[PDB]
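Below you will find one chain, with nothing else, as structure tokens; this is the form deposited in one PDB entry, and questions on how it binds or moves follow later.
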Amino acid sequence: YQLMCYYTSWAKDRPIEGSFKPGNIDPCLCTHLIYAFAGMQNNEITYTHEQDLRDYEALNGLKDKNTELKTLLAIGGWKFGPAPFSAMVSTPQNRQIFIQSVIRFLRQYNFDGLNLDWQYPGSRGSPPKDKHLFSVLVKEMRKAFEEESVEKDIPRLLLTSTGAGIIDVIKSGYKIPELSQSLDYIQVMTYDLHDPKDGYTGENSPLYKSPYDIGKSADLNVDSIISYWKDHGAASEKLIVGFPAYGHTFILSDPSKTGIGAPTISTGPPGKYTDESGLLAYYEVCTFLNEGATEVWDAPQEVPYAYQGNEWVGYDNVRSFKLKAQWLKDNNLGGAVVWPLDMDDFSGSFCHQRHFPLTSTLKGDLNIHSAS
């Protein structure tokens, strides 16, 4: 199995004790490390900020301590949006320019591969044709990586891609049979399945359906999502399950109702270090628990959730990860991806359970392999 881990670029911009630098990561903890996000300019891959080139050098410099470790560069993301991709895949000319720049760029900075993260190739403003086009880009990109590897004579560069965790998004933007043929891996976004927008309390990455999940919500769970992918042509070995190191905060309209499906008003207040609304890193949830937040286990969905006053949090802990890692033996080889690493108690300061409690669990249960 593979233990992939995301390293956010804006993580080192958090308050000192909440700041995570690329060289602070354990080289033997993951099998694949993915870099926050790269940018695009003139249908050419490029960095987001000059500071980045220094993160690349430090990120790949870990391959000295762990020779089997592989690093990938991710382009895309939610903020990025579909617009730039739609325009880059529009013509074979633009396509060939991106692909070559991705090769030059990746080979120059010592990356072993590229992670495409086109947030939804068929929705959010992307036309239906992009479902077909996205497929073309992959087949084309896979082929050049292949030629480059033959002529230059070096291990081929990996090509992965994220995949929707929402049925209706998968149907309009992903050609799974063809895609599962050209990609090396598919990181499935099995998280954010419920958010304060829904209007009720829900869970971030539930393993199973909730006795309250009705209609399309019945599929809003790891088990159902993975099965849809598998049933539509995706190879189990190539599927990589999403493991979030954070939770989502809601605000109960009645502190009397603190269970799943409880009526909500809005997202929760920003956390001390991760400054957003609606979220809380794993280590930030530990403080919440430590300050008297009533912790309860969701048996039907196999995940935890806690609450304080009118503050509700749906997250994941070591127990939910272990339970999820055992389920992962659905020949769901390949394995899991931690999203994001910097949101795990990397220092042991907040959750007094040593470094990377969540990732350490996945690593042990997936028996991560490394002659080091």
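Superpose the two forms; the largest set of C-alphas matching within 1.5 Å is the rigid core. Numbering follows the first chain given and starts at 1. Residues that one form lacks are left out of the comparison. What changes on going to the form deposited in another entry:
In a rigid core superposition between these two forms, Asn331 is the single residue of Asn42, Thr46, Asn331, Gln51 whose Cα is displaced by 2 Å or more. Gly76: CA moves less than 2 Å between these two forms after rigid-core fitting. After superposition on the rigid core, the Cα atom of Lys197 is displaced by 2 Å or more between these two forms. Taking residues common to both forms and aligning the rigid core, Cα displacements of 2 Å or more over three or more consecutive positions between these two forms occur in 195-198, 330-333.
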Given for the second form:
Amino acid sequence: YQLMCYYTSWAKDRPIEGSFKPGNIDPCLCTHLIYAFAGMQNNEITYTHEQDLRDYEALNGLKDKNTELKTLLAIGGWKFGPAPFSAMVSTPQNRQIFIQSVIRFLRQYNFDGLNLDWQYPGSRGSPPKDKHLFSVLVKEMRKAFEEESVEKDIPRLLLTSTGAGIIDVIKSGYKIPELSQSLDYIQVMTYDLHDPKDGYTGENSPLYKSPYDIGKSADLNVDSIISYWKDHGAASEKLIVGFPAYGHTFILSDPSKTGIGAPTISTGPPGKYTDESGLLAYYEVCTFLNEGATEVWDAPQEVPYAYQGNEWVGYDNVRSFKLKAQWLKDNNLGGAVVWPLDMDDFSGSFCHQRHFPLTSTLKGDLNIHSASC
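I would like to compare: after the form deposited in one PDB entry, may I see the structure of the form deposited in another entry?
Below: the lone chain, stripped of partners and molecules.
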């Protein structure tokens, strides 16, 4: 199995004891490290800030400590949106400029591959033709990587893509059989499934549906999402399941209604370190529990939640990661991706479960081994 781990460029800018740098990464923890994110300018991949080049050096320098470790550079994400990708795939010239820039950039900075993270082809303003054009881009990029490998007599660069977790988004953006042919891996975004607009508490990444879920809400779970990708032609071995190292928060309408599906008012207030309304890092959830929140296990969804007063959080813990890792192995999947590694308890100071409790759980349960480790 694979165990991929995201490192986000902005984690180092958090308050110091919650800040994370590539040097704080245990080189033997993961099989792949993904740097989020590269930028784009003039249809070419590029760095977003001057400091990113020092980050690339520190991250890729970890390969001297684990010679089997692979690194990937991600481009895109939710905040970047669809418009730069729609323009880049629109013409063969623009796609060639991009692909050539990627080969030069990854080789210069010692990355092992690219992770495409277009959110999303075919939605958010991206027209229906982008579902076809994204598939064309991926095929052309895989061909160019194969050609470079043969010409230079060096291992081929890896090509991965994220894959939506929302069924309607998958339908409008992904030619699944063709994408599965050309990609090395599809990183399925089995998280942010809390449906904040619904007006009820929901889990960020439940393994199974709640008995309270109806209609499309019954598909907002790991099992249904991965089943959809496999039923529509994705290779099981290429599917990498998203494992979030955070939860989502809500304000309850009634402090006496605290379960899953309880009425809500809004997202919860930002955490001291992550500073994002509606989100808490796993290490921040540990503070919430340490300071008195009531912890509950929901067996139908196989995930925890916690509450205090009118504050409620749905998240993932060691138990839910262990049950999901067993499910992953039982279903012959390719592995897992931790999103983001910098929200796991990297220091061990918040949760008292040693360094990286969530990711270390997957390392052991997925039998991750490297001969250099």
